[PDB]
Amino acid sequence: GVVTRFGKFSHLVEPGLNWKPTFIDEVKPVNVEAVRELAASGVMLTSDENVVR
Amino acid sequence: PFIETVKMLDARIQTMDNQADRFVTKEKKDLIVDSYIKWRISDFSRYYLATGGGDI
Amino acid sequence: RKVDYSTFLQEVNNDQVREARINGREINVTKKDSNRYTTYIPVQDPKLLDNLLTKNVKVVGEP
Amino acid sequence: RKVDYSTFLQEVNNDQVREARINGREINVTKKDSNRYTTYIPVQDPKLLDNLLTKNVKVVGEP
Amino acid sequence: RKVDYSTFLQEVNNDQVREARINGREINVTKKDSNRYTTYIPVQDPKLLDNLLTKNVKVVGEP
Amino acid sequence: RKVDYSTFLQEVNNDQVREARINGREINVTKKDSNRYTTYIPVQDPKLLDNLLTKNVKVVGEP
Amino acid sequence: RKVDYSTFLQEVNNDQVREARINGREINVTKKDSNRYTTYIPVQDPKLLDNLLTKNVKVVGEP
Amino acid sequence: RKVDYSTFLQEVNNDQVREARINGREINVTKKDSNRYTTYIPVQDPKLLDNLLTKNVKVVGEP
Numbered sequence: 106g107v108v109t110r111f112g113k114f115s116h117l118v119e120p121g122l123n124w125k126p127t128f129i130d131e132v133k134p135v136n137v138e139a140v141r142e143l144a145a146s147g148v149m150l151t152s153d154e155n156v157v158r
Numbered sequence: 057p058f059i060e061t062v063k064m065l066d067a068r069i070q071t072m073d074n075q076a077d078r079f080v081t082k083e084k085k086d087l088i089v090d091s092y093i094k095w096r097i098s099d100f101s102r103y104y105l106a107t108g109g110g111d112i
Numbered sequence: 030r031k032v033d034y035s036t037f038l039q040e041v042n043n044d045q046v047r048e049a050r051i052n053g054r055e056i057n058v059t060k061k062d063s064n065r066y067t068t069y070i071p072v073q074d075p076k077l078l079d080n081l082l083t084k085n086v087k088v089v090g091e092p
Numbered sequence: 030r031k032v033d034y035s036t037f038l039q040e041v042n043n044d045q046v047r048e049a050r051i052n053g054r055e056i057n058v059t060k061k062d063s064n065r066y067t068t069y070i071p072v073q074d075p076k077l078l079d080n081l082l083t084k085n086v087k088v089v090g091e092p
Numbered sequence: 030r031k032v033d034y035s036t037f038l039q040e041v042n043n044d045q046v047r048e049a050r051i052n053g054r055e056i057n058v059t060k061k062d063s064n065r066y067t068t069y070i071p072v073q074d075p076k077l078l079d080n081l082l083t084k085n086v087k088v089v090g091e092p
Numbered sequence: 030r031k032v033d034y035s036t037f038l039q040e041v042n043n044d045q046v047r048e049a050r051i052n053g054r055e056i057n058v059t060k061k062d063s064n065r066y067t068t069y070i071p072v073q074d075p076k077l078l079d080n081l082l083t084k085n086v087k088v089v090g091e092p
Numbered sequence: 030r031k032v033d034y035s036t037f038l039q040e041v042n043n044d045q046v047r048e049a050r051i052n053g054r055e056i057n058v059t060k061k062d063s064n065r066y067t068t069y070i071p072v073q074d075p076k077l078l079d080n081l082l083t084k085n086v087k088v089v090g091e092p
Numbered sequence: 030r031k032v033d034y035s036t037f038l039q040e041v042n043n044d045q046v047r048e049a050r051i052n053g054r055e056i057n058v059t060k061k062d063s064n065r066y067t068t069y070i071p072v073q074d075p076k077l078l079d080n081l082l083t084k085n086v087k088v089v090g091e092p
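Protein chains in written order, with the deposited numbering: chain U, 106 to 158; chain H, 57 to 112; chain e, 30 to 92; chain D, 30 to 92; chain C, 30 to 92; chain A, 30 to 92; chain B, 30 to 92; chain f, 30 to 92.
Heads up, a few of these hints could be off.
[As the list claims (entries may be wrong)] Some but not every residue of chain A turned toward chain B, in silico, with C-beta under 7 Å:
(1) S35
(2) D62
(3) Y66
(4) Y69
(5) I70
(6) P71
(7) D79
Worth flagging that the hints you see were computed from the coordinates, not collected in a lab.
In this text, a Cβ means the ideal position worked out from N, Cα and C, and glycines have one as well.
Using the sequences and the hints, build the whole thing.
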């Protein structure tokens, strides 16, 4: 988690149960342990005036 | 309490599957191979330090 | 986050989905980049599970 | 407003509907010209969802 | 007045019905000659809705 | 007097009954020789309507 | 005496059943040698009756 | 133990399950290696029962 008190980037928060002043600071969770995968495909021009998928 | 956390690393022999790999032989005949590896953590301190964090 | 069912479909056929959990009509959809959004089924689709399985998408039931 | 189901069928065949929100029995149709109306299904039609998908019509479920 | 289902389907294939208001188990039907009657599905038949849609017969649901 | 569902099927396969009064699961059947009885459907059978329609057997529903 | 579904279908395909007393999910099965047992339908099956009538076994229902 | 529905189907397709007790949505899977776990059916899958019977998998219903 990234916790910000009135948008000042308070600190970094480890997993588990935690406490924060309600209506004062906000926490944004982000997936760090998980591994993310992306697929990129295209018809692309080569050196010898050739196109390949 | 509330300040110290712990990471778990299993010492068992761990298997890993590689599927539908494509390999070209000496005579340029491409053929599909699927194999498997089995690895064990020889030293846990080195495994944690060298690898990114402590993730498998 | 609420996302409609159609774009969830052409995301499934364009294999950006990794895990889908179906408790009831709703589906908890996780993308390949670990972004999750809920979807609602408009009406029961017999081809839905078949399409999900053929695209090698992880499917999770619920108690 | 209210619109006959066959009217909705021929309407979606000619590709001038944009958004179709399904709430169980009822359908809230959005036209391409920002016209909104209501349609009802006679009986469970498996071909309906397929037909709406193949013509690139947005479909939105409800809780 | 109640009209038999076999006679109903044959009359639909005869292209003599104009409107059919379907109430779940019930159907309220208007002939082309402004004759009103009422019929019943014996058991769920999607081919019914297929036949009415292909015959350009008006189909009406209600809340 | 109750008649087996299977026996009903090879009997109607022989073109020997005229009317089928369908009341949910149970069916009131009259043969060509004015013999009346009742038959019960074990489970939902989609081919029942197709077979009954193909062989010119009249069907009537109930309120 | 309870017998599983798969072996019951094996017996049906191997023709050692005479009549089937279907009561909801339960099926009271009598072999051709007058052996009585009970089987259960786990999930709705769309083809069991097709094979049952193909093998010409007397299927009955229960009120 | 809980094992996902898609994983269970991959397992049965690879000849790894022996008997499956189906209790509504819940399924109690026993693998050929005497390992037992539990899975849940996400939505109504007609192909499930055919896949189970085809791969010579014992299927058992429950009251």
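Quick rundown of the hints versus the structure:
With a least beta-carbon distance of about 5 Å to chain B, the hint placing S35(A) at the interface is held under the 7 Å criterion. The interface hint given for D62(A) is violated, since its Cβ lies 22 Å from the closest Cβ of chain B, which is over the 7 Å cut-off. At about 13 Å, the closest approach between the beta carbon of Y66(A) and any beta carbon in chain B exceeds 7 Å, and the interface hint on this residue is violated. Here the hint on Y69(A) is kept, as its CB sits about 3 Å from the closest CB of chain B, short of 7 Å.
Below 7 Å, beta-carbon pairs count as interface contacts, and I70(A) has one with chain B at about 6 Å; its hint therefore holds. Nearest Cβ of chain B to the Cβ of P71(A): about 4 Å, under the 7 Å cut. The hint holds. Taking 7 Å as the C-beta contact cut-off toward chain B, the hint placing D79(A) at the interface is violated, the least distance being around 13 Å.
In summary, the numbered hints that this structure violates are 2, 3 and 7.
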